[PDB]
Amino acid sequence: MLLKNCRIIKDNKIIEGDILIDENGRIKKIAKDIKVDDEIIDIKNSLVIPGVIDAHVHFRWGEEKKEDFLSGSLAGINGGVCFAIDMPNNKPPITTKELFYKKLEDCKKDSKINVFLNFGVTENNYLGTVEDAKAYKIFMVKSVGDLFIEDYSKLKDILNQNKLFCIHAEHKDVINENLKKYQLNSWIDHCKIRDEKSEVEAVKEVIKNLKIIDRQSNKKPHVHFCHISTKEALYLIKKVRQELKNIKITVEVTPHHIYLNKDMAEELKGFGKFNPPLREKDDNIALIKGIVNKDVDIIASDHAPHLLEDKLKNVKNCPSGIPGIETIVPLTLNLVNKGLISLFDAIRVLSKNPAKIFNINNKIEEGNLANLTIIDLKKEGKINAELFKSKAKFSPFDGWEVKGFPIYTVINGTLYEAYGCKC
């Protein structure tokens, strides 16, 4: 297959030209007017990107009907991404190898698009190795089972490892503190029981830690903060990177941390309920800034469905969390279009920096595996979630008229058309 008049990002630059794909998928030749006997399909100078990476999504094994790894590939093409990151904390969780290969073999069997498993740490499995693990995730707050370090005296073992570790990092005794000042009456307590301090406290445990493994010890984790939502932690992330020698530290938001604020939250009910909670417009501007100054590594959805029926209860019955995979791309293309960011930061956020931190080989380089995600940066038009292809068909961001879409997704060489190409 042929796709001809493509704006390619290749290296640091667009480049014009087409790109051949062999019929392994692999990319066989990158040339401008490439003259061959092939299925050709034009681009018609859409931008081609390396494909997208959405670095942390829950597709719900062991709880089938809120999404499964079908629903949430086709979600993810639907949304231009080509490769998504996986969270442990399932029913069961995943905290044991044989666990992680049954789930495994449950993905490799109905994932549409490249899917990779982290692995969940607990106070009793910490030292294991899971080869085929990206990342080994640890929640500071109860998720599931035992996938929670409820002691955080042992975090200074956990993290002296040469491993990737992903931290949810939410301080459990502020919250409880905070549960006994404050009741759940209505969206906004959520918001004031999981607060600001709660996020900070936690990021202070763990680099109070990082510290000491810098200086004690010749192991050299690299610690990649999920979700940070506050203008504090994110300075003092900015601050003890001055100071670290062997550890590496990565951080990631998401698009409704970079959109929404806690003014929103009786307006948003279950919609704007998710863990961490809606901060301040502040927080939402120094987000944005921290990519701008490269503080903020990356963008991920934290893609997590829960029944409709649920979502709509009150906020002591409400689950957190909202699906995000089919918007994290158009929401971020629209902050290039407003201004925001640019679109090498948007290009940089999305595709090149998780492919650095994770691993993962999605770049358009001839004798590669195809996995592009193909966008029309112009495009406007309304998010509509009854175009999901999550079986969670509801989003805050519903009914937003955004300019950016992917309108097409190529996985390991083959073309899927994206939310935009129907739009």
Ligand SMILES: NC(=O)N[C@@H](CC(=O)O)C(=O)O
Second form
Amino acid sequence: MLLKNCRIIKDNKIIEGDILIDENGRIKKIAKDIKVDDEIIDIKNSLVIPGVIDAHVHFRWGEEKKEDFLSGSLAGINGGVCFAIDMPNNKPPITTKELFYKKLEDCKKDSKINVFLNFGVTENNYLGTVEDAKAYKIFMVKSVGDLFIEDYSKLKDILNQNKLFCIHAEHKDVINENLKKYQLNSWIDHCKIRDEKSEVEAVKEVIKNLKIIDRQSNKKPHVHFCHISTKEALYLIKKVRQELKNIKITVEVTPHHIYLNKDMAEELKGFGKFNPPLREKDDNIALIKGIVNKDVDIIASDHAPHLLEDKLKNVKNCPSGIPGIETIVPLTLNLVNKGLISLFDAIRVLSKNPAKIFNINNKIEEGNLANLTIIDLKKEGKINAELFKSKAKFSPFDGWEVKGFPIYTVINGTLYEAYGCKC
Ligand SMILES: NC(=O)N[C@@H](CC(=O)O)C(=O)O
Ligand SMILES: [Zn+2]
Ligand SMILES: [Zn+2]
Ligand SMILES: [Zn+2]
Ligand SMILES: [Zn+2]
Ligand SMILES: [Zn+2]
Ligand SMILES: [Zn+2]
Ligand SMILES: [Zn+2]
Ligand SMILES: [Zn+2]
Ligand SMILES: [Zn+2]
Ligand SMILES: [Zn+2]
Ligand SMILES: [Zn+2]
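The structure above corresponds to the form deposited without N-carbamoyl-L-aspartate (NCD); please provide the structure of the form deposited with N-carbamoyl-L-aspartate (NCD) bound.
Let us now look at the entire complex, which starts with that chain.
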């Protein structure tokens, strides 16, 4: 297949050229006006970027009414996402080697995109190694089963390893104290119970232990904070990065924590209920500036589908989480078009940094498998949840008009239409 008339992100510039993909799905040649007898697709000077990586999704193994590997990977294709990293809070949670490989088998059967699996860390399994896991997920609050570190005194021992850890950082003791002071009556109460302090104190708890490891140990963990949502946690991470010599810290934010804030909580109802919850407008601003200042490393969706039936319940019965894999790319490109981040900022947080952090080769280079996201940067259009391929066909962004859509997704050389080729 020949992709004709591409504007390509290669190295760190925009070059015009054609991309020739051989029948093994590998990039065979990148050059201007390639003239070959082949199937030809005219890209019409759309932008071709190294395939987007969504480092934080929940495809709901064991709970397939909510999402499965097929519907989740069709949603990724629709969203322009070539790689996804799936979290281990399943039913049952992925806390043993045997469960990992049983899930991996199901993943292989039906995923249409490149999916990687994280392993779930417990107080009992944390020294174990799973060769094919991308990262080890630590929940500092209850999730499912024993996938929840209840004893924070063990964090130093858990983190003192040459491993890539992803951390859901909310502080169990702050939340328990708040549950004694507030009733869960309306949507804003979720934001007060899991308040900004509960995130900040969890981040502080991790950082205190990393300083010890950095000084007293020869292990060099990499710690990736999932969905950071507060200005104060970002500031603390920025500070401690100047103090640590051996340990690398990376930071992920979500589209909903950039765009949405707790003044919207009562209007969003269940579609605004997620963990960590809605924050202040000042936090939205801090996260955007953190992208521009390169304090924020990646954007990931925390794609967390639930049944619509349950998301329409009252705050006490409504599960936390929203789908997002089909909106992460348009919402990020929309920031470029509103002048809040640069085009290269968007490429960095969606494609280049996740590839560096998680060791994924999405590069547009001759010889590499072709995993490409093709975007129409200027296309204006409405997000319409009825056009989602996820089983979760709803979103707080439903009906929003944004600018910038993926139009094609190329998975290991196979061309698919994406959301914007129906807009
Ligand atoms: N974030 C959420 O609100 N929900 C996620 C879990 C998580 O990322 O904590 C889910 O799995 O539903
Ligand atoms: Zn071909
Ligand atoms: Zn021929
Ligand atoms: Zn299915
Ligand atoms: Zn989380
Ligand atoms: Zn690393
Ligand atoms: Zn310090
Ligand atoms: Zn705040
Ligand atoms: Zn998550
Ligand atoms: Zn239900
Ligand atoms: Zn019900
Ligand atoms: Zn307009």
